[PDB]
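Residue strings, one per chain:
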Amino acid sequence: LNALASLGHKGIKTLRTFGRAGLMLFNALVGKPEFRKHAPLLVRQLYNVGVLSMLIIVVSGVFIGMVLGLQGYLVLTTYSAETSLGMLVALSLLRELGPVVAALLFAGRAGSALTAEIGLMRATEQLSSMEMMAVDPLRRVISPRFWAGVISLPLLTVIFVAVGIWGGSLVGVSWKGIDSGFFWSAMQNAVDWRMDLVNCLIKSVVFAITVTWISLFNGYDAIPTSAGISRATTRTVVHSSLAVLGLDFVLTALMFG
Amino acid sequence: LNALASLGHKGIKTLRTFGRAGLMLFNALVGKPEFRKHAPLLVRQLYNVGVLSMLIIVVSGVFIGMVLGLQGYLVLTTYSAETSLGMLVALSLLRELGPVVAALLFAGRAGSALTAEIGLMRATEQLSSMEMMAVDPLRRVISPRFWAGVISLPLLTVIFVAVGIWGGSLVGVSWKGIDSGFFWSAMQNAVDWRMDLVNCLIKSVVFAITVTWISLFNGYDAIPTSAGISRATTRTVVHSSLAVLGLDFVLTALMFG
Amino acid sequence: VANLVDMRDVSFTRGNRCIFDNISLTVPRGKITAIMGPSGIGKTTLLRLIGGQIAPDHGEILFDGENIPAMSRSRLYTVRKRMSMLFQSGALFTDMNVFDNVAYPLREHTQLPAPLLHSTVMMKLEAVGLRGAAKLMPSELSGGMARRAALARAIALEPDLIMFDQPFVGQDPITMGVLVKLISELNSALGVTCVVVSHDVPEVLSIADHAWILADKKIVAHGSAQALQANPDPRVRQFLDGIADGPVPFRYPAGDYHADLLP
Amino acid sequence: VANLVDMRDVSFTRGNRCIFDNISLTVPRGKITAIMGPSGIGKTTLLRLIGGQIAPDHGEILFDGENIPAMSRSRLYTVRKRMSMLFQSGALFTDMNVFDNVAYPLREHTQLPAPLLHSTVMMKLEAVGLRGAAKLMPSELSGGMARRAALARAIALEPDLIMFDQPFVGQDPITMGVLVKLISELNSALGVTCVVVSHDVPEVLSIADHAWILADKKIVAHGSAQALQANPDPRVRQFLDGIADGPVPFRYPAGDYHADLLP
Amino acid sequence: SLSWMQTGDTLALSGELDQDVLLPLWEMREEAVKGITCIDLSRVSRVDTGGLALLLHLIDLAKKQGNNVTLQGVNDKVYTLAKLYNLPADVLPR
Amino acid sequence: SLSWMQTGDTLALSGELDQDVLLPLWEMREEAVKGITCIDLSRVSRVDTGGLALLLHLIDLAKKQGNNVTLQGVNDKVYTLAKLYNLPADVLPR
Ligand SMILES: Nc1ncnc2c1ncn2[C@@H]1O[C@H](COP(=O)(O)OP(=O)(O)OP(=O)(O)O)[C@@H](O)[C@H]1O
Ligand SMILES: Nc1ncnc2c1ncn2[C@@H]1O[C@H](COP(=O)(O)OP(=O)(O)OP(=O)(O)O)[C@@H](O)[C@H]1O
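Heads up: the sequence lines are chains C, Z, W, E, U and B, in that order.
Mapping of the first sequence onto this note's numbering: residues 1 to 257, in sequence order.
Mapping of the second sequence onto this note's numbering: residues 1001 to 1257, in sequence order.
Mapping of the third sequence onto this note's numbering: residues 2001 to 2263, in sequence order.
Mapping of the fourth sequence onto this note's numbering: residues 3001 to 3263, in sequence order.
Mapping of the fifth sequence onto this note's numbering: residues 4001 to 4094, in sequence order.
Mapping of the sixth sequence onto this note's numbering: residues 5001 to 5094, in sequence order.
Keep in mind the hints are simulated off the structure, nothing from the lab.
Some hints could be false.
Claimed, not checked - Each computed DSSO-like pair below joins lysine-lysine, with the alpha-carbon atoms no more than 27 angstroms apart:
1. W:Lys2218 / E:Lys3218
2. W:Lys2218 / C:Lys32
3. B:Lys5064 / E:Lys3031
4. E:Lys3081 / Z:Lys1037
5. E:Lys3081 / E:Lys3217
6. B:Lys5077 / E:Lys3181
7. C:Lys37 / W:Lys2218
8. Z:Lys1032 / E:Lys3135
9. E:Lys3031 / B:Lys5083
10. W:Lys2081 / U:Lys4034
What the hints assert, rightly or not - To give a feel for the contact side, a few chain Z residues facing chain C, derived at Cβ under 10 angstroms:
11. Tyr1079
12. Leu1085
13. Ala1113
Claimed, not checked - Non-contacting residues of chain B with respect to chain W, defined by C-beta distances greater than 10 angstroms in every case (computed):
14. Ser5001
15. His5057
16. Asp5060
17. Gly5073
18. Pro5088
19. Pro5093
The C-beta atom is built at its ideal place from N, Cα and C for all residues, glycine as well.
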């Protein structure tokens, strides 16, 4: 009974949750178009999701590029190998630390702010009065928030990389006196356009669809009580950033193995 | 006029915000004690803040320990220096990547969940009906949430480190076949108890007081409207994790320079 | 079609409880129809079945000849341009002041010009009396003023059906002296079908043309005011006035008792 | 001291607007006192000044001999064990069902045993009639039931002062037939000082001992039901009944005309 | 279907003054206000607020570059919709 | 100050049956229900709901291991507080 049925009870309830989240997105994207009422609304959500998150990625992009330059130099300088520091900074970022750490910092700021907003909008009766005015809430609220999230992440990755590469080029070339020509020339013929640059672009788009979907669904199907929204915000950061670290292992076994 | 007075207007308003946040904490902590009504409430908030955040730190602790083992091995193995891999994994974590990356993942999950909760509690009239029942909201809501946040971070750091060190000991010793004795013996006499272990404990406590204070204040003095809580949640993750990366540079110039 | 909203044989279930056994009501086209009953009986649930926000179990809800639960998602929001609704709690957009709040449903469905969308809603804020409060955000309105701002948003478009839901509560008797005249002079001047749900038995009975009183499972009585004044004797005239016993006046279907008091 | 709440000369300002010019009212100890007036005049602001949630500008508010704005933070929550308050919108704890919601203010200030905290609040849910709804969470109550659950939480402790704030709204006239008797049989049986703020001029005038009517800036009239009825001729008897002009019946202090209509 | 044309000295209207179809007359509000002495309003079915807010503008453009205008042929449905919205005797001449 | 002691065959009470001071009598509810025929209630000032919910228990422990109990000396303040809470003739014998 209890070990047998209650695991059947509590696993079927997950099969409704996957079905409630799929039916939400099909009714949000696949719709009757409007290109001069959603396009002013896309500029607002491209500002809210992206632009306010641009300060946290610039400042935390320089830092993680620096500590791979500091701790990368001190362990390499005994063998007189500091002219291969750029092959460590600009390959940790372009392969793994770029698409992943810029995803966990996106699911934190933008992932919680979308779930705590549509959750509180549902509790302060602004989704019941909007749908009782012949205005679709899945086309007004969810639809310009999905497209502004699948756009803001692959652009925030290349700002995280290009200051991380420059951040390692500040303690390499300038602070610790590695040569200005041997540093960059050893980085250039180790980075290929197909294996290291496009395969970072493919990683960011898959993480953008994943993070934005879980962030809007947990803020739509949330209990509107006090702790209902506080444990839908926790449910966003954990579930959508385990699917980053779960999909990254699958993708890094396919694109680099 | 406009360039002169409006920067005086909008800078004085920050001097009230620093004063509103200081007066909040003095009235929350400094109070008339109660050790059998706050102690059952501390166990709830130690569960909500800490235990639900323990899965995101374990899984993301193994990953960042692995990529410093993968990209640390491939750049070191040409000089036959792979027996000094542990001095790179267990010194990136114990010095910088431990107290900082486990702080940005704390300000994401626990930092937003505290601000989106006390914000929505204020908007659904549960802080006005609590203070009109001779029950102090700064001693019931803020006070067991501050002490359960200054405790859950220095314990979540040493779980982030001890799986990051083990994560680099999985691709070092087991997967890439570095020797089981030369790996650990080169890590042991490079880690000192005063410079690398206590100075990681001091870093985590300072980040715990900083993150928890900003997370409760932005969820107390928030506008209770729809976008008032969504831009107090954004204001939490940006401001409290710039004070991580701002205090880290000051502390790493004092404890390691 | 001869009457706007027709309910054939509607049933409902909130998990375990059984409200709406076999109700069947009709709303004529262009006449104020009242809906009354005890507290917690499902009057707001009756208005939400018509809008399609919840679905019945056993009947058809015919809005102007077509069925509501047999309607797809893209057709439901085409039909919902015909019916507005006042909510019980105000429920207005908190990030948007009153003049941009009344002007919201006719900025979506009417292609009116800019000095005509400013002259239309500056009249709608004079009907309820809330002009001069066209710049306050809806966190500095009072709470009886936040219904008069949400009453202008229910009549801003002039749709074919308006479903009021306690409009007269929290108002002094010089303001609900003119809010009762606004609803009586809207169907008399524009032909708008109203549905009034309230607990003020002298107010809305003076203006409605076909009232309805609800009881435990289904309808108890219904006819024009006069014809519904004392002519149904046993269960009506206990609800309209009186304190003592009839069929289940109040006190939600409680369990035993003593077992409740004594441990 | 001879009367509970005394206001010397209170003033208030919501940024720019001037409500409460020079009001001065008194509340006797153990008698129901009404407070009435037009909409948006500041009746809920009058109750929030007494509780200390906002501060006046020009006066003392003497709760039983001591001043409210001259009171520190640790002394204010010691005095606030004497006054409860019903809120306008229900405003009850949404993560906590009704039986754990009524039993909340007397789990903090009374050291009652476990089968006595279960027998006390199982009576409080029988006074309003909401027993058997002791297991529903407060997201599946109706909205007229969410005031009868927040009315039991205002009388759960039996404090020295209860400040009701529209308790009679959204109730059928067989339930506000017994909610008016509950407040009239609480100060008659326990000696509890009530402060009733409402817009039902036949209901609360039948039970109050010293009513108060508010006007534009200050008090307009006061007197027992009879002394305050027919007595004050010009501005009272326009508010109690009537539609036409007196001193500012409604219509919030709007700006100029035309220029609002014409661009 | 809002149909309109003046009789040479009197702006006659026809149809309904709805919010669905109004823009054919809002565009041509310049050649149809000057030289008019009275709005006929004879066979218009009903007037909404998206047709009564126009009439407070269509009178105003005719008051300034023309004869002071008068009204004709109401249903007492644009009068009970005028004391409801509290319109003075300036904007609508009863 | 709730003061109480039986007269030998009748449980007399004194004081007020408040919620502030009640636990001196809730602990001793075992030796003061058996062998009692009537609750005197003579000089108690007032009864609250934290003193009336006790009385529905202090009667019940005296009904089962003793004589069926009766009441004495009310103020018609524990009767208007009894028809208010709708207490039947089982829990309180009027
Ligand atoms: N999730 C829910 N939300 C609202 N009501 C629910 C829910 N689940 C069950 N119910 C029940 O459905 C009924 C809805 O009735 P309704 O809210 O229309 O009462 P009402 O007529 O508005 O009464 P009142 O006017 O006194 O508020 C209530 O009795 C309530 O107990
Ligand atoms: N932040 C604010 N919150 C509430 N009211 C505000 C605020 N700022 C200004 N006000 C003004 O203060 C007044 C408060 O009055 P109050 O809310 O007591 O009216 P009321 O007597 O409750 O009227 P009603 O009973 O019709 O709701 C309102 O007129 C409102 O315009």
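Results for each hint:
For the hint linking W:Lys2218 to E:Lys3218, the alpha-carbon distance of about 49 angstroms lies beyond 27 angstroms, and the restraint is violated. Restraint check: the Cα-Cα separation between W:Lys2218 and C:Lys32 comes to about 41 angstroms, which exceeds 27 angstroms; the hinted pair is violated. Taking the CA atoms of B:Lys5064 and E:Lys3031, the gap is about 42 angstroms. The hint is violated against a cut of 27 angstroms. At roughly 18 angstroms between alpha-carbon atoms, E:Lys3081 and Z:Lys1037 fall within 27 angstroms of each other, so this suggested pair holds.
At roughly 32 angstroms between alpha-carbon atoms, E:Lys3081 and E:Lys3217 are farther apart than 27 angstroms, so this suggested pair is violated. Simply put, B:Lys5077 and E:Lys3181 have alpha-carbon atoms about 15 angstroms apart, close enough for the 27 angstroms limit, and the pair holds. Between C:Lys37 and W:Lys2218 the alpha-carbon distance is near 45 angstroms, which puts this suggested pair outside the 27 angstroms criterion. Note on Z:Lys1032 and E:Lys3135: the hinted pairing is violated, with a Cα-Cα distance of about 35 angstroms set against a maximum of 27 angstroms.
The hinted pair formed by E:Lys3031 and B:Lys5083 meets the criterion: a straight-line CA distance of about 21 angstroms does not exceed 27 angstroms. Our distance criterion of 27 angstroms between C-alpha atoms is broken by W:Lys2081 and U:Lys4034, whose separation comes to about 38 angstroms. With a least beta-carbon distance of about 5 angstroms to chain C, the hint placing Z:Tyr1079 at the interface is held under the 10 angstroms criterion. Because the smallest distance between the Cβ of Z:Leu1085 and any Cβ of chain C comes to about 9 angstroms, under 10 angstroms, the interface hint for this residue holds.
For Z:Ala1113, the interface hint holds, since its Cβ comes within 10 angstroms of a Cβ in chain C; the closest pair sits about 5 angstroms apart. Under the 10 angstroms C-beta cut-off, the non-interface status given to B:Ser5001 relative to chain W holds; the minimum distance is some 28 angstroms. Chain W draws B:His5057 into its interface by the beta-carbon criterion, the shortest separation being 7 angstroms against a cut-off of 10 angstroms. Residue placement check: B:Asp5060 does not keep its beta carbon more than 10 angstroms from all beta carbons of chain W (closest about 6 angstroms).
Annotated as non-interface, B:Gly5073 keeps its C-beta farther than 10 angstroms from every C-beta of chain W; the closest such distance is 24 angstroms. Non-interface status of B:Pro5088 relative to chain W is broken: a Cβ of that chain comes within 10 angstroms, the nearest being about 8 angstroms off. Every beta carbon of chain W lies more than 10 angstroms from that of B:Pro5093, the smallest distance being close to 14 angstroms; the non-interface claim holds.
Of the numbered hints stated above, those contradicted by the structure are hints 1, 2, 3, 5, 7, 8, 10, 15, 16, 18, listed in ascending order.
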